[PDB]
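Peer 1: Residue strings, one per chain:
There are 2 protein chains.
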Amino acid sequence: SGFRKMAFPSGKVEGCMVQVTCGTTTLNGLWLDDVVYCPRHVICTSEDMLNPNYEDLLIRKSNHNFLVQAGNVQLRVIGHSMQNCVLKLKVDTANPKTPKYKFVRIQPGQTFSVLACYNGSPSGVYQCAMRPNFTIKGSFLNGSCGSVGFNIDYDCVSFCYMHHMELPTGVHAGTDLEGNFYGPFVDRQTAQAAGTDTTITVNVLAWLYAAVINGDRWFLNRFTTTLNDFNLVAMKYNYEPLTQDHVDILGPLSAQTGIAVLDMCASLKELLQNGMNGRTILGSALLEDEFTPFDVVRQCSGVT
Amino acid sequence: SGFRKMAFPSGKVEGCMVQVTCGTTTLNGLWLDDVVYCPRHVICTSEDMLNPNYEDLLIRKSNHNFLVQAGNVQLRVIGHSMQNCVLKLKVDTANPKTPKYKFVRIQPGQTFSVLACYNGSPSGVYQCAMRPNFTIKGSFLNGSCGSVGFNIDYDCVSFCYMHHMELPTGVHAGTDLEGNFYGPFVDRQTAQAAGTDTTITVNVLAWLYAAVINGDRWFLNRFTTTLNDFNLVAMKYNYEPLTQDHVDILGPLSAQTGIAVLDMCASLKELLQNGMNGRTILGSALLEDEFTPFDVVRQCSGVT
Ligand SMILES: O=C(Cc1cccc(Cl)c1)Nc1cncc2c1CCCN2
Ligand SMILES: O=C(Cc1cccc(Cl)c1)Nc1cncc2c1CCCN2
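The listed protein sequences derive, respectively, from chains G and Y. For the first sequence, UniProt numbering gives the first residue as 3264, with consecutive numbering after it. For the second sequence, UniProt numbering gives the first residue as 3264, with consecutive numbering after it.
One should not assume that every hint holds.
The list makes no distinction among identical chains, and a pair is therefore deemed to hold if it is satisfied within one copy or across any two copies.
Below, in silico cross-link-like pairs of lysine to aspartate or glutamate (DMTMM-like), each with a Cα-Cα straight-line distance of 25 angstroms or less [to be verified]:
#1 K3360 - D3511
#2 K3499 - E3277
#3 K3365 - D3297
#4 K3365 - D3460
#5 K3353 - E3277
#6 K3353 - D3526
#7 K3360 - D3418
#8 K3499 - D3355
#9 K3353 - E3429
#10 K3360 - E3441
#11 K3400 - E3551
#12 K3351 - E3503
#13 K3363 - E3277
#14 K3360 - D3296
#15 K3499 - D3418
#16 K3324 - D3355
#17 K3360 - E3277
#18 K3351 - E3318
None of these hints come from the bench; they were simulated from the model.
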């Protein structure tokens, strides 16, 4: 029992982290096979970031201008190319610690672990979610760029995020491993404001199921609702609309607890309308939305 | 910017996790050098746990009864000994992945990362604190025993906890790596109730400093207080008494923000008395106490 914001074990990803320096800029790179992936803004100075023309800036760079260091050893760069907002640096050595891996582009509401790095060295690991406004609420300082987000399925690492920037609002934006940003963000130091950060309803419901499984049941009420009635309330509280796909995904949690999905929706509706009244659920005074239904099943079953 | 409940990168500890089986019981072991450490209740059946005489149960066990598996390979047990509540299984092979390590016994209020494991395989990593009642609020299922808690200082892993049991209240108890339980708990299936789970005041203050550093300042007020006045309020709210040692430890955070420790105490006093009023601090609707002052400085400075 007990329910924690748990990240995947980071060892497989730690073995991929390298330092990439170009000119005066140093950030993190991801070394998989004989390619090092990193944010293309490694070629920029702080001035260049105001209005960068990446193609023009990249013309002035050669393979020997990209310094890649894996631990205390230097890797030889034998090629470089720009794919969207990432640079792919071909090195002459395949990473001996390359795990089985995939590059995936996640949807909003999906969770992943982040291995925060500086100078190619890991500092910490934490769990987060891709927000519905395509930002992440991370913990990143200067030099954290190129730190990655990932999920693990047994021995396969699915890389889904690469850190690129912090918006003026303190929230984070980045790309998938093909270099395409999540959301409308661009790698420029310009006014970029995020849209509404709505709550991931299906995740809140999964976490309510995790609470019941772990014994916190005070919020269970004698009511039920319909998808349309629930969604009227969810719109009012800036919650994402719940669909039949979401109800389907909550099926195993509904079966495990014997609480119909729409009954849990009615409990969530009353929590939104009445508040917590100074009470807590799984040690939280607010409704947690960074656990997917898959995360709840995984944590509650012990998948290694 | 941004502030997350961050765990240490787990790779160094993942390379130490093994499966230990004795009879019908399987749990996790920690393989460091040529010794595998594990909870001594690996020799017990579920019936034995009601009133175990570990010395008597251990007499019936020989080296060949302890099955140790590191990945898909079996380790040869050439000796075994009981040290307090842990078994030390001497194997014929030194762990090639043994990191630089220490065994430390932490004090209540101190935080550490847990690598939750099942069958010697890592499932997740999360950050927790040793509660003032010597319990931990973990996320452990059956088979998680022997999972460890640790801190990392550059390349040295300081192991501080080994998981042993879940109390009837859903909270967790375990030992340091010398086999001594934290708190008054015993490795027996008997009525063991935890004492008052008080809030770690110094950690709440550190987290209030982290909030100011990250821009959440609404709770800062025009008041100050004294240690004795603050402590009268802290007693009323089941908060640990704040000492001059704690004020000293918050010195760097006080200097960074320019907010005197006793001024932050007065802000915390008003938060306790008036509540949050539906507001949040660092995305939390309650006062977080599982970040030490060292954790706040580490996260806010980027120590790798
Ligand atoms: O945001 C940037 C630099 C940057 C500027 C403009 C565009 C792009 Cl793509 C990147 N780096 C960063 C990332 N995460 C966190 C923090 C920083 C620096 C300040 C402290 N925190
Ligand atoms: O508590 C025990 C077994 C046990 C019984 C009595 C004494 C001792 Cl030392 C150990 N194992 C466990 C640990 N953490 C979590 C969960 C379990 C099983 C139930 C599910 N969760």
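Peer 1: Could you place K3365 and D3460 in one of the four classes (within, between, both, neither) given a Cα distance threshold of 25 angstroms?
Peer 2: neither (28 angstroms within a copy, 44 angstroms between copies)
Peer 1: With identical chains, the pair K3365 and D3297 could be close in the same copy or across copies; at 25 angstroms between alpha carbons, which is it: within, between, both, or neither?
Peer 2: For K3365 and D3297, the Cα distance is within 25 angstroms only inside one copy (15 angstroms; across copies 36 angstroms).
Peer 1: What label fits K3360 with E3441 when the C-alpha limit is 25 angstroms: within, between, both, or neither?
Peer 2: Classified as within: same-chain Cα gap 21 angstroms, cross-chain 33 angstroms, threshold 25 angstroms.
Peer 1: Quick one: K3360 to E3277, C-alpha cut-off 25 angstroms, is that within a copy, between copies, both, or neither?
Peer 2: For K3360 and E3277, the Cα distance is within 25 angstroms both inside one copy (9 angstroms) and across copies (14 angstroms).
Peer 1: Within a copy, between copies, both or neither: where do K3363 and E3277 come within 25 angstroms Cα-Cα?
Peer 2: Both, since 14 angstroms and 17 angstroms are each at most 25 angstroms.
Peer 1: At most 25 angstroms between C-alpha atoms: does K3360 with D3418 qualify within a copy, between copies, both, or neither?
Peer 2: Both: 13 angstroms inside a copy, 18 angstroms across copies.
Peer 1: Check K3324 against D3355 for me: Cα-Cα at most 25 angstroms, and say if that holds within a copy, between copies, both or neither.
Peer 2: within (18 angstroms within a copy, 53 angstroms between copies)
Peer 1: Up to 25 angstroms between alpha-carbons, please classify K3499 paired with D3355: within, between, both or neither.
Peer 2: Answer is neither; intra-copy 56 angstroms and inter-copy 65 angstroms both fail.
Peer 1: How do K3499 and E3277 come out at 25 angstroms by Cα distance, when the copy is not named: within, between, both, or neither?
Peer 2: neither (43 angstroms within a copy, 45 angstroms between copies)
Peer 1: How would you label the pair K3353, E3429 (within, between, both, or neither) given a Cα cut-off of 25 angstroms?
Peer 2: Neither. Shortest intra-copy (27 angstroms) and inter-copy (50 angstroms) distances fail the 25 angstroms Cα cut-off.
Peer 1: When no copy is named, should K3351 and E3318 be tagged within, between, both, or neither for a Cα gap of at most 25 angstroms?
Peer 2: Classified as within; 14 angstroms inside a copy, 60 angstroms across copies.
Peer 1: For the identical chains here, do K3360 and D3511 meet the 25 angstroms Cα criterion within one copy, between copies, both, or neither?
Peer 2: Cα proximity of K3360 and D3511: none, with 38 angstroms in one copy and 44 angstroms across.
Violation of the numbered hints given earlier is confined to hints 1, 2, 4, 6, 8, 9, 12 and 15; the remaining hints are satisfied by the structure.
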